[PDB]
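The chain below stands alone, shown as C-alpha coordinates; this is the form solved without the ligand.
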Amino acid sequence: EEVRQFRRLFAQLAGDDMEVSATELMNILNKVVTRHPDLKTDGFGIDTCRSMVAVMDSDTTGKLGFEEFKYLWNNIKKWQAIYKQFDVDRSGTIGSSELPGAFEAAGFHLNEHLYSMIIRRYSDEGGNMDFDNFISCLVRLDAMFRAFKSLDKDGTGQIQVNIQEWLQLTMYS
(Lines of atoms letter the chains of each structure in order from A and count residues from 1; the text may use other names and numbers.)
(Lines give C-alpha, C1' and ligand atoms only; values in the text may rest on other atoms or scores of the structure.)
(Ligands and ions follow the chains in the order given, each with its own letter.)
Protein backbone atom coordinates (compact mmCIF):
# COMPACT_ATOMS: atom_id res chain seq x y z
CA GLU A 1 0.00 0.00 0.00
CA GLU A 2 2.94 2.23 0.72
CA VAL A 3 4.44 1.22 -2.65
CA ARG A 4 1.11 1.82 -4.43
CA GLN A 5 0.50 5.32 -2.97
CA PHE A 6 3.97 6.49 -3.99
CA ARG A 7 3.74 5.14 -7.53
CA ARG A 8 0.53 7.14 -7.82
CA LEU A 9 2.09 10.33 -6.44
CA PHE A 10 5.04 10.11 -8.93
CA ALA A 11 2.54 9.79 -11.80
CA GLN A 12 0.73 12.90 -10.58
CA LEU A 13 4.01 14.82 -10.16
CA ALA A 14 5.64 13.74 -13.50
CA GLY A 15 2.70 14.35 -15.86
CA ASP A 16 2.47 12.85 -19.32
CA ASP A 17 6.18 12.38 -20.08
CA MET A 18 6.46 10.34 -16.84
CA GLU A 19 9.64 12.17 -15.87
CA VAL A 20 10.19 14.98 -13.35
CA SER A 21 11.84 18.10 -14.75
CA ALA A 22 13.74 20.71 -12.70
CA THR A 23 10.74 23.01 -12.89
CA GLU A 24 8.46 20.27 -11.71
CA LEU A 25 10.76 19.38 -8.89
CA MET A 26 11.00 23.05 -7.84
CA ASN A 27 7.23 23.44 -7.58
CA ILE A 28 6.69 20.30 -5.49
CA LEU A 29 9.63 21.12 -3.14
CA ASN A 30 8.24 24.55 -2.60
CA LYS A 31 4.71 23.12 -1.96
CA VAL A 32 6.27 20.85 0.66
CA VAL A 33 8.01 23.63 2.60
CA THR A 34 4.88 25.68 2.70
CA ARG A 35 3.48 22.88 4.88
CA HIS A 36 6.36 22.94 7.40
CA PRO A 37 6.62 26.25 9.18
CA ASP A 38 9.59 24.88 11.14
CA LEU A 39 11.75 24.84 7.98
CA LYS A 40 13.19 28.30 7.27
CA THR A 41 14.08 28.87 3.58
CA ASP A 42 14.29 31.54 0.85
CA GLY A 43 12.67 28.74 -1.36
CA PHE A 44 14.25 26.28 -3.77
CA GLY A 45 15.37 28.25 -6.78
CA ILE A 46 15.34 26.99 -10.34
CA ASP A 47 19.10 26.70 -10.63
CA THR A 48 19.50 24.68 -7.47
CA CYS A 49 16.79 22.31 -8.77
CA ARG A 50 18.63 22.08 -12.21
CA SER A 51 21.72 21.00 -10.29
CA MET A 52 19.86 18.39 -8.29
CA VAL A 53 18.28 16.98 -11.46
CA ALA A 54 21.69 16.79 -13.26
CA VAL A 55 23.44 15.16 -10.39
CA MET A 56 20.70 12.50 -10.05
CA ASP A 57 20.19 12.02 -13.84
CA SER A 58 22.13 8.77 -14.19
CA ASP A 59 20.52 7.69 -17.44
CA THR A 60 21.09 11.19 -18.98
CA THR A 61 17.55 11.86 -20.21
CA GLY A 62 17.68 15.41 -18.54
CA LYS A 63 14.79 14.61 -16.18
CA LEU A 64 14.08 12.26 -13.28
CA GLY A 65 12.47 8.96 -14.07
CA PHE A 66 10.70 6.89 -11.39
CA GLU A 67 13.78 5.26 -9.80
CA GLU A 68 15.88 8.42 -9.87
CA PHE A 69 13.02 10.50 -8.36
CA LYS A 70 12.32 7.81 -5.75
CA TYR A 71 15.97 7.77 -4.64
CA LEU A 72 16.12 11.60 -4.34
CA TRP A 73 12.71 11.96 -2.69
CA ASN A 74 13.39 9.40 -0.04
CA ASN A 75 16.77 11.03 0.69
CA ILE A 76 15.01 14.48 1.06
CA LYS A 77 12.54 12.94 3.47
CA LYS A 78 15.19 11.36 5.67
CA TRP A 79 17.31 14.55 5.63
CA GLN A 80 14.31 16.73 6.39
CA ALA A 81 13.70 14.59 9.57
CA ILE A 82 17.34 15.07 10.49
CA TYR A 83 17.30 18.87 9.90
CA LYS A 84 14.37 19.16 12.33
CA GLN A 85 15.98 16.93 14.92
CA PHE A 86 19.36 18.83 14.84
CA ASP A 87 17.70 22.31 14.77
CA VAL A 88 17.59 22.27 18.54
CA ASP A 89 17.10 25.99 19.03
CA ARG A 90 14.20 25.97 16.57
CA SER A 91 15.71 28.69 14.47
CA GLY A 92 14.57 26.92 11.32
CA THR A 93 18.15 26.73 10.26
CA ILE A 94 21.18 24.52 10.86
CA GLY A 95 23.84 26.56 12.59
CA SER A 96 27.63 26.00 12.48
CA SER A 97 27.43 24.14 15.83
CA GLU A 98 24.52 21.88 14.67
CA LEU A 99 25.90 21.03 11.22
CA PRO A 100 28.44 18.28 12.14
CA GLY A 101 25.96 16.37 14.25
CA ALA A 102 23.40 16.58 11.39
CA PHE A 103 25.79 15.47 8.62
CA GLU A 104 26.90 12.59 10.83
CA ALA A 105 23.29 11.55 11.49
CA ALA A 106 22.87 11.44 7.70
CA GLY A 107 25.86 9.10 7.49
CA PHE A 108 28.52 11.56 6.36
CA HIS A 109 31.30 11.70 8.88
CA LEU A 110 33.72 14.42 7.80
CA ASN A 111 36.49 16.28 9.72
CA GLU A 112 37.14 19.88 10.97
CA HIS A 113 38.71 21.08 7.74
CA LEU A 114 35.91 19.70 5.54
CA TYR A 115 33.05 21.07 7.82
CA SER A 116 34.68 24.49 7.70
CA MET A 117 34.74 24.26 3.91
CA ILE A 118 31.08 23.25 3.72
CA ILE A 119 29.96 26.17 5.95
CA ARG A 120 32.17 28.50 3.99
CA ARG A 121 30.67 27.40 0.64
CA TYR A 122 27.06 26.76 1.71
CA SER A 123 26.19 28.74 4.81
CA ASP A 124 25.41 32.38 5.05
CA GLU A 125 27.28 35.32 6.62
CA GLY A 126 26.23 34.21 10.08
CA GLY A 127 27.33 30.57 9.53
CA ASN A 128 23.71 29.37 9.18
CA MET A 129 22.28 27.12 6.54
CA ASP A 130 18.59 27.12 5.55
CA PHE A 131 16.66 24.10 4.33
CA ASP A 132 17.13 24.39 0.57
CA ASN A 133 20.84 25.01 1.08
CA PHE A 134 21.13 21.92 3.38
CA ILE A 135 19.24 19.72 0.90
CA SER A 136 21.25 20.99 -2.11
CA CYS A 137 24.42 20.35 -0.15
CA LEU A 138 23.61 16.80 0.88
CA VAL A 139 22.35 15.76 -2.53
CA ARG A 140 25.73 16.74 -3.91
CA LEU A 141 27.74 15.25 -1.02
CA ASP A 142 25.93 11.96 -1.30
CA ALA A 143 26.54 12.01 -5.07
CA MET A 144 30.22 12.72 -4.75
CA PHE A 145 30.68 9.89 -2.28
CA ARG A 146 28.80 7.53 -4.65
CA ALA A 147 30.97 8.69 -7.65
CA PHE A 148 34.24 8.14 -5.71
CA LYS A 149 33.00 4.71 -4.73
CA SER A 150 32.05 3.78 -8.30
CA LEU A 151 35.52 4.71 -9.38
CA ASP A 152 37.39 2.95 -6.58
CA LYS A 153 37.22 -0.58 -7.99
CA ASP A 154 40.20 -2.25 -6.22
CA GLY A 155 39.01 -0.57 -2.91
CA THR A 156 42.34 1.30 -2.48
CA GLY A 157 41.10 4.72 -1.30
CA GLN A 158 42.57 6.39 -4.36
CA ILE A 159 40.81 7.04 -7.67
CA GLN A 160 42.18 8.05 -11.08
CA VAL A 161 40.09 10.57 -12.99
CA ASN A 162 40.63 11.53 -16.57
CA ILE A 163 39.87 14.99 -17.92
CA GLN A 164 36.75 13.91 -19.75
CA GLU A 165 35.27 12.18 -16.71
CA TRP A 166 36.33 15.19 -14.54
CA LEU A 167 34.53 17.53 -16.87
CA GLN A 168 31.42 15.34 -16.94
CA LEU A 169 31.25 14.90 -13.21
CA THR A 170 31.83 18.53 -12.26
CA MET A 171 29.87 20.22 -15.08
CA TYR A 172 26.82 18.02 -15.21
CA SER A 173 26.02 18.67 -11.59
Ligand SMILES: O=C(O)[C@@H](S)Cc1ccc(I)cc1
Contents of the next structure:
Number of protein chains: 2
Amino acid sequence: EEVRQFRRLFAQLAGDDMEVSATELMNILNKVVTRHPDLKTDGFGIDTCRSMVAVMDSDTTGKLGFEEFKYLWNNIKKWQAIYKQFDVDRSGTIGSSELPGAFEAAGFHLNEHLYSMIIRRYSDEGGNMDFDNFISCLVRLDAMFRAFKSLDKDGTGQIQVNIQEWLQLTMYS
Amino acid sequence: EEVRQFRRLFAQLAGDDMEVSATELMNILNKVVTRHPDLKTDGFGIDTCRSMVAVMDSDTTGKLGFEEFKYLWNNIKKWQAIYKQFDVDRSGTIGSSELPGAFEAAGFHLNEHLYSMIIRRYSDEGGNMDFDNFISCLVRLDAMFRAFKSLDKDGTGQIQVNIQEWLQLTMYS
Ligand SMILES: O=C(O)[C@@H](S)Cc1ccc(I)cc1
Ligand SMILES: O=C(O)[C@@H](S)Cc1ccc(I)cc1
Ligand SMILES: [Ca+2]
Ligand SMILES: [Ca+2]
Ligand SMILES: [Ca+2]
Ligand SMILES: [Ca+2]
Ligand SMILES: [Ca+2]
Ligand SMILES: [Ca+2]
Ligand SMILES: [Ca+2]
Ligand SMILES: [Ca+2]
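For comparison with the form solved without the ligand, provide the form deposited with the ligand bound.
Time for the whole complex; same chain goes first.
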Protein backbone atom coordinates (compact mmCIF):
# COMPACT_ATOMS: atom_id res chain seq x y z
CA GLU A 1 0.00 0.00 0.00
CA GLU A 2 0.94 3.70 0.07
CA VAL A 3 1.33 4.00 3.85
CA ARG A 4 3.37 0.79 3.71
CA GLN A 5 6.03 1.94 1.24
CA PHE A 6 6.32 5.40 2.77
CA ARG A 7 7.15 3.82 6.12
CA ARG A 8 9.97 1.94 4.37
CA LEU A 9 11.15 5.10 2.61
CA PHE A 10 11.54 6.83 5.97
CA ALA A 11 13.33 3.88 7.58
CA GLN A 12 15.70 3.81 4.62
CA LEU A 13 16.44 7.55 4.74
CA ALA A 14 16.67 7.81 8.52
CA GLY A 15 19.43 5.19 8.64
CA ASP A 16 21.50 4.27 11.70
CA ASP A 17 19.80 6.39 14.40
CA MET A 18 16.42 5.96 12.72
CA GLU A 19 15.50 9.64 12.62
CA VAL A 20 16.07 12.13 9.82
CA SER A 21 18.73 14.74 10.54
CA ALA A 22 19.13 18.07 8.74
CA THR A 23 21.81 16.67 6.44
CA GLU A 24 19.59 13.73 5.50
CA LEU A 25 16.57 15.98 4.93
CA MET A 26 18.66 18.39 2.82
CA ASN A 27 19.89 15.57 0.60
CA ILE A 28 16.48 14.03 0.00
CA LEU A 29 14.82 17.44 -0.50
CA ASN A 30 17.36 18.50 -3.11
CA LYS A 31 17.40 15.24 -5.05
CA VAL A 32 13.60 15.39 -5.18
CA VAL A 33 13.20 19.07 -6.07
CA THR A 34 15.48 18.31 -9.02
CA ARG A 35 12.84 16.11 -10.65
CA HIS A 36 10.46 19.09 -10.56
CA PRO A 37 12.10 21.83 -12.72
CA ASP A 38 8.85 23.82 -12.71
CA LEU A 39 9.86 24.65 -9.13
CA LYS A 40 12.76 27.09 -9.50
CA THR A 41 15.24 27.07 -6.62
CA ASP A 42 18.89 27.59 -5.78
CA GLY A 43 18.55 24.47 -3.64
CA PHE A 44 17.88 23.64 0.00
CA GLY A 45 20.86 24.83 2.02
CA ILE A 46 22.00 23.10 5.20
CA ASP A 47 21.03 26.06 7.40
CA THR A 48 17.49 26.16 6.01
CA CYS A 49 17.19 22.43 6.69
CA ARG A 50 18.41 22.81 10.27
CA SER A 51 15.62 25.37 10.86
CA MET A 52 12.87 23.19 9.44
CA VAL A 53 14.07 20.23 11.51
CA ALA A 54 14.30 22.10 14.83
CA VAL A 55 10.98 23.79 14.25
CA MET A 56 9.48 20.32 13.59
CA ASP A 57 11.33 18.69 16.51
CA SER A 58 8.45 18.54 19.03
CA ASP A 59 10.05 15.83 21.15
CA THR A 60 13.46 17.55 21.01
CA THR A 61 15.39 14.50 19.83
CA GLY A 62 17.30 16.94 17.62
CA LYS A 63 16.01 15.09 14.57
CA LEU A 64 12.83 13.99 12.85
CA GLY A 65 11.07 10.83 13.95
CA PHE A 66 8.55 9.12 11.68
CA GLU A 67 5.47 11.21 12.51
CA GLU A 68 7.31 14.55 12.44
CA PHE A 69 8.77 13.65 9.04
CA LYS A 70 5.36 12.44 7.85
CA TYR A 71 3.74 15.71 8.93
CA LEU A 72 6.43 17.71 7.13
CA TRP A 73 6.23 15.60 3.98
CA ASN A 74 2.47 15.86 3.57
CA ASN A 75 2.70 19.61 4.10
CA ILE A 76 5.37 19.89 1.40
CA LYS A 77 3.29 17.81 -1.01
CA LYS A 78 0.29 20.05 -0.41
CA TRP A 79 2.17 23.36 -0.41
CA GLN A 80 3.94 22.11 -3.52
CA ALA A 81 0.70 21.94 -5.52
CA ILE A 82 -0.47 25.28 -4.14
CA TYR A 83 2.83 26.77 -5.30
CA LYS A 84 2.42 25.64 -8.93
CA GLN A 85 -1.30 26.45 -8.93
CA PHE A 86 -0.69 30.06 -7.90
CA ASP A 87 2.38 30.67 -10.07
CA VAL A 88 -0.04 31.99 -12.69
CA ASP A 89 2.80 33.53 -14.73
CA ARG A 90 4.79 30.27 -14.78
CA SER A 91 7.88 32.07 -13.46
CA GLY A 92 8.73 29.07 -11.32
CA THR A 93 8.67 31.41 -8.33
CA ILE A 94 5.96 33.06 -6.23
CA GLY A 95 5.52 36.74 -6.99
CA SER A 96 4.71 39.57 -4.61
CA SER A 97 1.14 39.58 -5.95
CA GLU A 98 0.68 35.79 -6.07
CA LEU A 99 1.83 35.21 -2.45
CA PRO A 100 -1.32 36.27 -0.54
CA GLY A 101 -3.47 33.85 -2.50
CA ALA A 102 -0.85 31.13 -2.07
CA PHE A 103 -0.62 31.59 1.69
CA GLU A 104 -4.38 31.90 2.13
CA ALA A 105 -5.02 28.79 0.04
CA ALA A 106 -2.55 27.04 2.35
CA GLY A 107 -4.65 28.24 5.28
CA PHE A 108 -2.73 31.25 6.57
CA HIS A 109 -4.58 34.57 6.67
CA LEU A 110 -2.08 37.36 7.29
CA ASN A 111 -2.52 41.13 7.04
CA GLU A 112 -0.68 43.63 4.81
CA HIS A 113 2.01 44.27 7.41
CA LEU A 114 2.77 40.60 8.05
CA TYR A 115 2.82 39.85 4.30
CA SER A 116 5.34 42.68 3.82
CA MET A 117 7.57 41.29 6.53
CA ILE A 118 7.34 37.90 4.81
CA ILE A 119 8.35 39.31 1.41
CA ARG A 120 11.19 41.29 2.97
CA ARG A 121 12.68 38.22 4.68
CA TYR A 122 11.85 35.37 2.27
CA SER A 123 11.63 36.98 -1.17
CA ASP A 124 14.39 38.36 -3.40
CA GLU A 125 15.28 41.95 -4.34
CA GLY A 126 12.58 41.58 -6.97
CA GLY A 127 9.87 40.52 -4.55
CA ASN A 128 10.09 36.94 -5.80
CA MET A 129 10.31 33.80 -3.66
CA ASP A 130 11.78 30.51 -4.90
CA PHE A 131 10.61 27.06 -3.79
CA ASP A 132 13.03 26.30 -0.98
CA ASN A 133 12.20 29.71 0.50
CA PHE A 134 8.47 29.16 0.08
CA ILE A 135 8.51 25.76 1.78
CA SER A 136 10.91 26.93 4.47
CA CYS A 137 8.63 29.88 5.32
CA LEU A 138 5.41 27.91 5.51
CA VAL A 139 7.01 25.26 7.73
CA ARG A 140 8.18 27.95 10.13
CA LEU A 141 4.93 29.92 9.87
CA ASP A 142 2.79 26.83 10.45
CA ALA A 143 5.00 25.96 13.45
CA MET A 144 4.84 29.47 14.93
CA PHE A 145 1.05 29.43 14.65
CA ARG A 146 0.86 26.07 16.44
CA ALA A 147 3.24 27.18 19.16
CA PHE A 148 1.06 30.21 19.79
CA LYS A 149 -2.21 28.29 19.94
CA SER A 150 -0.83 25.64 22.30
CA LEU A 151 0.27 28.37 24.72
CA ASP A 152 -3.13 30.07 24.47
CA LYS A 153 -5.72 27.28 24.72
CA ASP A 154 -7.81 29.71 26.80
CA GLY A 155 -8.04 31.73 23.57
CA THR A 156 -7.39 35.16 25.13
CA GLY A 157 -5.50 36.29 22.04
CA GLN A 158 -2.34 36.63 24.09
CA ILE A 159 0.40 34.38 25.42
CA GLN A 160 2.80 35.16 28.25
CA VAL A 161 6.32 33.72 28.49
CA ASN A 162 9.39 34.05 30.68
CA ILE A 163 12.87 34.53 29.19
CA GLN A 164 13.63 30.80 29.00
CA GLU A 165 10.51 29.80 27.11
CA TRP A 166 11.13 32.76 24.80
CA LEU A 167 14.73 31.79 24.02
CA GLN A 168 13.73 28.17 23.58
CA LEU A 169 11.03 29.06 21.09
CA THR A 170 13.00 31.69 19.17
CA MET A 171 16.47 30.13 19.15
CA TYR A 172 15.31 26.61 18.37
CA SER A 173 13.90 27.46 14.95
CA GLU B 1 40.89 58.23 11.51
CA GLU B 2 39.34 54.81 12.19
CA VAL B 3 35.72 55.99 12.41
CA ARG B 4 36.37 57.97 9.23
CA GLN B 5 37.50 55.09 7.01
CA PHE B 6 34.88 52.70 8.36
CA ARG B 7 32.15 55.14 7.35
CA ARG B 8 33.60 55.07 3.82
CA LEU B 9 33.82 51.27 3.85
CA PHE B 10 30.10 51.06 4.61
CA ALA B 11 29.14 53.63 1.97
CA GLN B 12 31.20 51.68 -0.56
CA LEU B 13 29.64 48.31 0.35
CA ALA B 14 26.08 49.57 0.68
CA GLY B 15 26.10 50.92 -2.87
CA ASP B 16 23.09 52.27 -4.76
CA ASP B 17 20.41 52.16 -2.04
CA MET B 18 22.98 52.96 0.64
CA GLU B 19 22.09 50.11 2.98
CA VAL B 20 23.63 46.65 3.17
CA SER B 21 21.39 43.85 1.92
CA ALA B 22 21.79 40.15 2.73
CA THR B 23 23.61 39.49 -0.54
CA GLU B 24 26.04 42.34 0.14
CA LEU B 25 26.63 41.20 3.73
CA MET B 26 27.16 37.59 2.59
CA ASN B 27 29.77 38.65 0.05
CA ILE B 28 31.75 40.84 2.42
CA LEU B 29 31.51 38.30 5.27
CA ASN B 30 32.83 35.48 3.11
CA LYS B 31 35.66 37.42 1.50
CA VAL B 32 36.76 38.51 4.97
CA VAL B 33 36.44 35.16 6.75
CA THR B 34 38.74 33.83 4.03
CA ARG B 35 41.66 35.89 5.32
CA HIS B 36 41.23 34.20 8.71
CA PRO B 37 41.82 30.45 8.10
CA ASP B 38 42.03 29.85 11.86
CA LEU B 39 38.24 30.28 11.71
CA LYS B 40 36.97 27.10 10.06
CA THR B 41 33.71 27.48 8.15
CA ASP B 42 31.80 26.17 5.17
CA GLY B 43 30.99 29.80 4.44
CA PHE B 44 28.17 32.24 5.13
CA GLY B 45 25.14 31.07 3.17
CA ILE B 46 22.53 33.47 1.80
CA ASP B 47 19.82 32.20 4.15
CA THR B 48 22.00 32.71 7.23
CA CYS B 49 22.71 36.25 6.04
CA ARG B 50 19.03 37.00 5.52
CA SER B 51 18.39 36.01 9.16
CA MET B 52 21.15 38.19 10.58
CA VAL B 53 19.94 41.16 8.51
CA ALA B 54 16.25 40.86 9.47
CA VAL B 55 17.12 40.30 13.10
CA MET B 56 19.28 43.46 12.94
CA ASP B 57 16.68 45.44 10.94
CA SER B 58 15.24 47.56 13.78
CA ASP B 59 13.80 50.21 11.47
CA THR B 60 12.42 47.56 9.08
CA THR B 61 13.99 49.00 5.93
CA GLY B 62 14.64 45.39 4.96
CA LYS B 63 18.37 46.12 5.00
CA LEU B 64 21.15 47.41 7.21
CA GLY B 65 21.69 51.12 7.63
CA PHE B 66 24.99 52.48 8.93
CA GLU B 67 24.37 52.08 12.68
CA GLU B 68 22.83 48.61 12.38
CA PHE B 69 25.80 47.48 10.29
CA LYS B 70 28.20 49.14 12.73
CA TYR B 71 26.57 47.36 15.67
CA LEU B 72 26.81 44.03 13.86
CA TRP B 73 30.41 44.58 12.79
CA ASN B 74 31.71 45.45 16.25
CA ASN B 75 29.92 42.41 17.65
CA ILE B 76 31.54 40.17 15.04
CA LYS B 77 34.97 41.63 15.77
CA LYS B 78 34.50 40.98 19.48
CA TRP B 79 32.88 37.55 19.15
CA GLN B 80 35.62 36.73 16.67
CA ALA B 81 38.37 37.13 19.29
CA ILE B 82 36.32 35.26 21.89
CA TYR B 83 35.98 32.41 19.39
CA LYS B 84 39.74 32.02 18.87
CA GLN B 85 40.48 32.57 22.55
CA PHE B 86 38.18 29.73 23.62
CA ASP B 87 39.10 27.29 20.84
CA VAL B 88 41.69 25.90 23.26
CA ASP B 89 42.24 22.81 21.10
CA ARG B 90 42.84 24.88 17.95
CA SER B 91 40.21 22.86 16.05
CA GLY B 92 39.05 26.01 14.30
CA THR B 93 35.58 25.29 15.68
CA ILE B 94 33.88 25.66 19.05
CA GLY B 95 33.45 22.38 20.88
CA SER B 96 30.58 21.23 23.06
CA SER B 97 32.75 21.86 26.13
CA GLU B 98 34.24 25.18 24.97
CA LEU B 99 30.86 26.78 24.11
CA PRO B 100 29.63 27.72 27.62
CA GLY B 101 32.79 29.68 28.34
CA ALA B 102 32.60 31.28 24.89
CA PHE B 103 28.99 32.38 25.32
CA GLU B 104 29.51 33.55 28.90
CA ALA B 105 32.60 35.53 27.94
CA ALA B 106 30.44 37.15 25.26
CA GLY B 107 27.96 38.04 28.00
CA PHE B 108 25.27 35.38 27.66
CA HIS B 109 24.57 33.23 30.71
CA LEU B 110 22.40 30.29 29.68
CA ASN B 111 21.49 27.14 31.61
CA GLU B 112 22.17 23.49 30.72
CA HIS B 113 18.88 23.12 28.86
CA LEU B 114 19.32 26.24 26.73
CA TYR B 115 22.95 25.30 25.93
CA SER B 116 21.75 21.86 24.77
CA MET B 117 19.17 23.42 22.50
CA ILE B 118 21.91 25.66 21.10
CA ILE B 119 24.24 22.73 20.38
CA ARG B 120 21.41 20.74 18.81
CA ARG B 121 20.48 23.55 16.40
CA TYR B 122 23.83 25.25 15.69
CA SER B 123 26.46 22.53 16.15
CA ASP B 124 27.27 19.52 13.96
CA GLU B 125 26.67 15.80 14.54
CA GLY B 126 29.90 15.92 16.51
CA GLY B 127 28.81 18.73 18.80
CA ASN B 128 31.07 21.17 16.98
CA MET B 129 30.13 24.65 15.73
CA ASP B 130 31.95 26.43 12.90
CA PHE B 131 32.41 30.19 12.66
CA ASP B 132 29.47 31.20 10.49
CA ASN B 133 27.22 29.19 12.82
CA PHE B 134 28.80 30.74 15.92
CA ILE B 135 28.38 34.30 14.68
CA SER B 136 24.91 33.62 13.31
CA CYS B 137 23.78 32.23 16.69
CA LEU B 138 25.14 35.06 18.80
CA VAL B 139 23.59 37.69 16.52
CA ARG B 140 20.20 36.01 16.86
CA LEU B 141 20.66 35.32 20.58
CA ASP B 142 21.75 38.89 21.30
CA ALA B 143 18.73 40.13 19.31
CA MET B 144 16.27 37.82 21.07
CA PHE B 145 17.56 39.00 24.45
CA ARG B 146 17.12 42.65 23.44
CA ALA B 147 13.64 42.04 22.07
CA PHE B 148 12.66 40.46 25.36
CA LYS B 149 14.04 43.24 27.54
CA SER B 150 12.42 46.00 25.48
CA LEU B 151 9.03 44.32 25.90
CA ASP B 152 9.60 43.92 29.64
CA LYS B 153 11.01 47.25 30.86
CA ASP B 154 8.89 46.74 33.99
CA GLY B 155 11.19 43.77 34.66
CA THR B 156 8.47 41.30 35.67
CA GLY B 157 10.37 38.43 34.06
CA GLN B 158 7.55 37.94 31.59
CA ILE B 159 6.35 39.48 28.35
CA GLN B 160 2.89 39.18 26.84
CA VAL B 161 2.21 39.33 23.09
CA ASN B 162 -0.72 38.93 20.71
CA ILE B 163 -0.48 36.74 17.59
CA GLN B 164 0.74 39.58 15.34
CA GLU B 165 3.62 40.68 17.52
CA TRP B 166 4.55 37.01 17.92
CA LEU B 167 4.61 36.31 14.17
CA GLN B 168 6.49 39.53 13.52
CA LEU B 169 9.17 38.64 16.04
CA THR B 170 9.49 34.97 15.12
CA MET B 171 9.09 35.12 11.34
CA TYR B 172 11.28 38.17 10.84
CA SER B 173 14.47 36.50 12.07
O1 LIG C 1 7.01 13.69 -6.68
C2 LIG C 1 6.84 13.37 -5.45
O3 LIG C 1 7.32 12.32 -4.91
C4 LIG C 1 6.05 14.28 -4.59
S5 LIG C 1 5.12 13.52 -3.26
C6 LIG C 1 5.80 15.87 -4.44
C7 LIG C 1 6.99 16.62 -3.97
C8 LIG C 1 7.58 17.71 -4.72
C9 LIG C 1 8.74 18.40 -4.25
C10 LIG C 1 9.31 18.00 -3.06
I11 LIG C 1 10.96 18.87 -2.38
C12 LIG C 1 8.75 16.92 -2.30
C13 LIG C 1 7.62 16.25 -2.74
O1 LIG D 1 40.46 41.53 10.04
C2 LIG D 1 39.50 42.37 10.21
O3 LIG D 1 39.23 43.32 9.41
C4 LIG D 1 38.64 42.22 11.40
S5 LIG D 1 37.94 43.72 12.09
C6 LIG D 1 38.04 41.01 12.31
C7 LIG D 1 37.04 40.18 11.59
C8 LIG D 1 37.19 38.75 11.43
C9 LIG D 1 36.22 37.97 10.71
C10 LIG D 1 35.14 38.61 10.18
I11 LIG D 1 33.78 37.60 9.13
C12 LIG D 1 34.95 40.03 10.33
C13 LIG D 1 35.88 40.79 11.02
CA1 LIG E 1 19.68 9.51 10.53
CA1 LIG F 1 12.13 14.66 16.97
CA1 LIG G 1 5.11 33.70 -10.38
CA1 LIG H 1 16.17 29.96 -2.11
CA1 LIG I 1 22.89 47.95 -1.10
CA1 LIG J 1 17.39 48.77 8.61
CA1 LIG K 1 37.63 23.68 19.59
CA1 LIG L 1 28.42 26.58 9.03
